[PDB]
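Only one chain is shown below, in structure tokens, and it's the form deposited in one PDB entry.
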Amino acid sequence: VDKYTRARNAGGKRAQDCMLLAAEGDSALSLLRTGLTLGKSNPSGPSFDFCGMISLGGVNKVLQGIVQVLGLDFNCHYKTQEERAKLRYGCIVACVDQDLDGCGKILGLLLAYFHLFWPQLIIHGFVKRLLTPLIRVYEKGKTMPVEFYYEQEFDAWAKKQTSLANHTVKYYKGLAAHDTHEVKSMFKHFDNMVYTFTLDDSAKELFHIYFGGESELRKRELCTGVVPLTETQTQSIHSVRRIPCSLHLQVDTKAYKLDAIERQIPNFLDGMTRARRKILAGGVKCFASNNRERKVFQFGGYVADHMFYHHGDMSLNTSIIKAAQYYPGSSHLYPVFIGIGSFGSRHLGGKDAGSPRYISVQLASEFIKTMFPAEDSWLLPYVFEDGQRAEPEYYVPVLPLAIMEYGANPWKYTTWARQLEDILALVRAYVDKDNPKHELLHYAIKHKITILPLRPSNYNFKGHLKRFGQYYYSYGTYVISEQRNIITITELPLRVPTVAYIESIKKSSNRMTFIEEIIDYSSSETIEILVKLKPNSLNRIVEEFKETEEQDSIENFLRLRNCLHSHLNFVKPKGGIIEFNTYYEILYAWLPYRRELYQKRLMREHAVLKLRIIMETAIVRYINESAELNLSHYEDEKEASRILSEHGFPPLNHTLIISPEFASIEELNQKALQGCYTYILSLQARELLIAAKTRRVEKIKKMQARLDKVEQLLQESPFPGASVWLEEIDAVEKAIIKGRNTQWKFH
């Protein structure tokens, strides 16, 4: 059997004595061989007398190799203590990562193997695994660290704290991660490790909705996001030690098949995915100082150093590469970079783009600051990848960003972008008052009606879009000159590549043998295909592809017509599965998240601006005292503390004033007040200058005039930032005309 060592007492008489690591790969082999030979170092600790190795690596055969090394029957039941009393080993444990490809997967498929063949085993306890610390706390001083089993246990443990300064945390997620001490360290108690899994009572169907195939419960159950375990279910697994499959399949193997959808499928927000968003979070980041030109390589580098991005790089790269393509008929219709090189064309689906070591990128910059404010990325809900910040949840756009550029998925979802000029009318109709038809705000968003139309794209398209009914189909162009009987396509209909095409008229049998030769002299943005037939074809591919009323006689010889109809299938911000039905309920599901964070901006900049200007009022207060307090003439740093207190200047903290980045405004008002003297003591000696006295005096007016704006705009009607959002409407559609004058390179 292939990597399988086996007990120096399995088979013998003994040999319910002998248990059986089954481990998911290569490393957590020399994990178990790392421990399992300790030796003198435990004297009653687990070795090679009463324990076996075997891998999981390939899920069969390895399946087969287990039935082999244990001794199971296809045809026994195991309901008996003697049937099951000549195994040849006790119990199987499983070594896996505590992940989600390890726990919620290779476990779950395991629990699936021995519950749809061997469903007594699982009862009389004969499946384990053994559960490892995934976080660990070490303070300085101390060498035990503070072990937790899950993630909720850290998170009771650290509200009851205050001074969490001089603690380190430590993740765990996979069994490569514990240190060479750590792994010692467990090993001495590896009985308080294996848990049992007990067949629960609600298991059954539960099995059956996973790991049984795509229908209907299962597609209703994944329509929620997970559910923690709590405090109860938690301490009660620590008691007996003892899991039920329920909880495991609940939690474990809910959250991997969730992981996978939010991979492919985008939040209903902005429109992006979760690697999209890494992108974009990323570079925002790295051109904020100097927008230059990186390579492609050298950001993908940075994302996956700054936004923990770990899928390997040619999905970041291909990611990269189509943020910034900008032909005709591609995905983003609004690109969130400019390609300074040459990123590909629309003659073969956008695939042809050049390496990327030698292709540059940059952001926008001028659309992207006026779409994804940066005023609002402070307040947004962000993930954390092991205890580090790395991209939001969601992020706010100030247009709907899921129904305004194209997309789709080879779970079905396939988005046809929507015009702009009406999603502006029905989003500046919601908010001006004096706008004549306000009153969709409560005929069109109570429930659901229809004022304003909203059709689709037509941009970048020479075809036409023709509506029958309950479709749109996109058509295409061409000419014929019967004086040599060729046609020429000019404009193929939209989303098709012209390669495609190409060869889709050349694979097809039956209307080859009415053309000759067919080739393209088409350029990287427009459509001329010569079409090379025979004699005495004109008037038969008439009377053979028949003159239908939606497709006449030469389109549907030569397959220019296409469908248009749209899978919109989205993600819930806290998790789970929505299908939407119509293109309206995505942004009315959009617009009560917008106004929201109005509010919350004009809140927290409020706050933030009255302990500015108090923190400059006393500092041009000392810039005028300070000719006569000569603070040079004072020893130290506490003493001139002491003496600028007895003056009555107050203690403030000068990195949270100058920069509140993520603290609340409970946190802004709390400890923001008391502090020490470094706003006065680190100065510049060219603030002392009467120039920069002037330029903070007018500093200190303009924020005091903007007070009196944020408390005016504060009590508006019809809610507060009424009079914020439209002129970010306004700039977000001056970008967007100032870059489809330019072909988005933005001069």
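Residue numbers count along the first chain shown, from 1. First, how it differs from the form deposited in another entry.
- Where the chain switches from one rigid part to the other between these two forms, the hinge residue selected from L424, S360, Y256, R601 is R601.
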Contents of the next structure:
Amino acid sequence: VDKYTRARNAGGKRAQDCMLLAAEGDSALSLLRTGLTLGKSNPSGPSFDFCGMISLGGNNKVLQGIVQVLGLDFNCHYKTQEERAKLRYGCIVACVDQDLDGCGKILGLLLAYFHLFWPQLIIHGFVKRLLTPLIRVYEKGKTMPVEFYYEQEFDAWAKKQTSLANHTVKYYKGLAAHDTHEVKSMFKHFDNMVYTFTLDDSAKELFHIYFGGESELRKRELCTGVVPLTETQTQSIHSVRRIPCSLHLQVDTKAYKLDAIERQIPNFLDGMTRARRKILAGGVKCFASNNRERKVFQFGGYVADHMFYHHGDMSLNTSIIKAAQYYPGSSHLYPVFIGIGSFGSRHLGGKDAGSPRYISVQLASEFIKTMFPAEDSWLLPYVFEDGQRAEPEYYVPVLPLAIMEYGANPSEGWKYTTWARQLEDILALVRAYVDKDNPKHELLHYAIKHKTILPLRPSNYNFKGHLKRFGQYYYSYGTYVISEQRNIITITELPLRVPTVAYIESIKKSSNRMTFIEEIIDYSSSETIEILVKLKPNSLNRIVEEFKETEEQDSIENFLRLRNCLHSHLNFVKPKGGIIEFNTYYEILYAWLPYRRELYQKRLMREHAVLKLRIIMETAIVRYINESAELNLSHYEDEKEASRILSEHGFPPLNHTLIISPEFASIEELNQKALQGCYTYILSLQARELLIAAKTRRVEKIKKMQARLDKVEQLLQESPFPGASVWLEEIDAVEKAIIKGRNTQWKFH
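What would the structure be for the form deposited in another entry, rather than the form deposited in one PDB entry?
Here we give the lone chain, stripped of any partners or molecules.
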């Protein structure tokens, strides 16, 4: 009875005709109230005579709320027609958003709830949804648009079209996006919009997996991607208006389950989540003209406007602030921004940063120009947020960046914990893989059979303690000095990633050792540690007898808790989709190596093709320079006549815009679109560089481009793989930028 509008004929004699429109949220209910009492404007349509509304967004108080209005009995089983004819409504029709959230959450729980208790209602048809168009394309002529209920049904349409300069493509992911014209239009044919769920005897196991525990089988299920619906499946759905449970659950609620765990766990190619990749791409795009200081809320507003960030601002502001912190033992070891201001210190974990009204930010632009090179950002797959081009799917850096900066996730949802690796020990291994004159190039012999002779040990940069390997795990230690005059113990270095004030409180709470120490003061600097622990008198002789001299840990380093264990949970997201757990750090590096050399081969192949057709166009223009006298265009002022004349004298037609600036185009689109254009690389000249003193320029340009094409053709013939000698120069420029940044305190003066 909460937000429930009762139908007129509900519970009476014609209660087998009624529907119960079950909307999620509260704006969907406003759309339904607009559509149901639409009036005399459509006589053949629904109304409140046979439709009632109830809200959702609640085994809770809400799922016991539709039971009270349908008259459902838990003890019944509803097998025959006369036994399920004592319900107060004919069916339920769900009204959810077309986005990742509504069809994953509300429909998924409602179907699982009906399958758990009354599975004979999904059979014979009682749970229905209604689906509203996703994409509408509007012509500049006619008023009735062309509508698509799935995105693949739009991709199969617009691929077969001409230039879409007269069409407006418009996406509708939520029910609050439909205008009054088109919400009036959807309630013309309300009955051609209601689909029915069915069972297929695989839904038993699939409802067992995704809902109701069994986390082992969910971890076995979410390892692969989200395979979208094929063409014959969508045609078979539209033919009979019946959708199976297993297709909707596999496609439309696996995708929610993967969307929820992809904003916590980072991709393993670049080490970023989705929001951090938005921040990096918006920072590359923002600071490209002038590298001027922007404040943090202004750069956050830029990223929200231009990279389509729709999850609040305080998450965005703390992600902008968190990335640019450079204290000892921070999350980023190679930050992508420069923190002009006060971004917090090591003592309370970066939580004492300034307000984002006051602090500023700017790019690194010597690190970020060299780690993520700009001529490979045109070869990466991108995401599309409602038809507009946002951030890429994944960057591929030069050096394996998922194991270089160490960070965890600040939640107890999913397990993820990375400790950094030695830069001097990843560079030796990468340059053993790439270079052929590097004497340890038998790495290939044990990159397959795992026979590993080069090491990867943890970072120990910005760390004055010790790291020791005890059997299987590494341990970090702190340092201390003892004054045997006035018995103050001075703590000078805590172990890795341990903030100071939480350490002080952890000594405060342990009462078995608070009964020895008297007073404790933190006189530390902003980046070093100096803690005085003043002990009670006659204490040092008996704390040795309480806390024993173990070989792994002496008497003081368990008295003051100066030992840390480096547990490491390596759970990552695949590029195509899924979840992968790795179990050593060698495997993350091995996976990274295959992907990067294919970007070297792709961008060299792309450059080779573009140089081919640049040379073709410039040779054609020089040939027009030679015999320009035999073309009296002064009386050929009609464009089609000069076009037909130039078609006779062997000149090729060229799409000159796509030759000058190939913008995110692939190799095959360059091959099949650059030869279909007009003759406006000749018939659009200034007639100012047509003389002799500019022909030498174009002959020299052809000379430079031909030499560069010979250079690219000898780069693609190398050993061990194409583009190898390009990638060593990139490694050297990266490590010079990192070395120039480490001895400037990452300010780059």
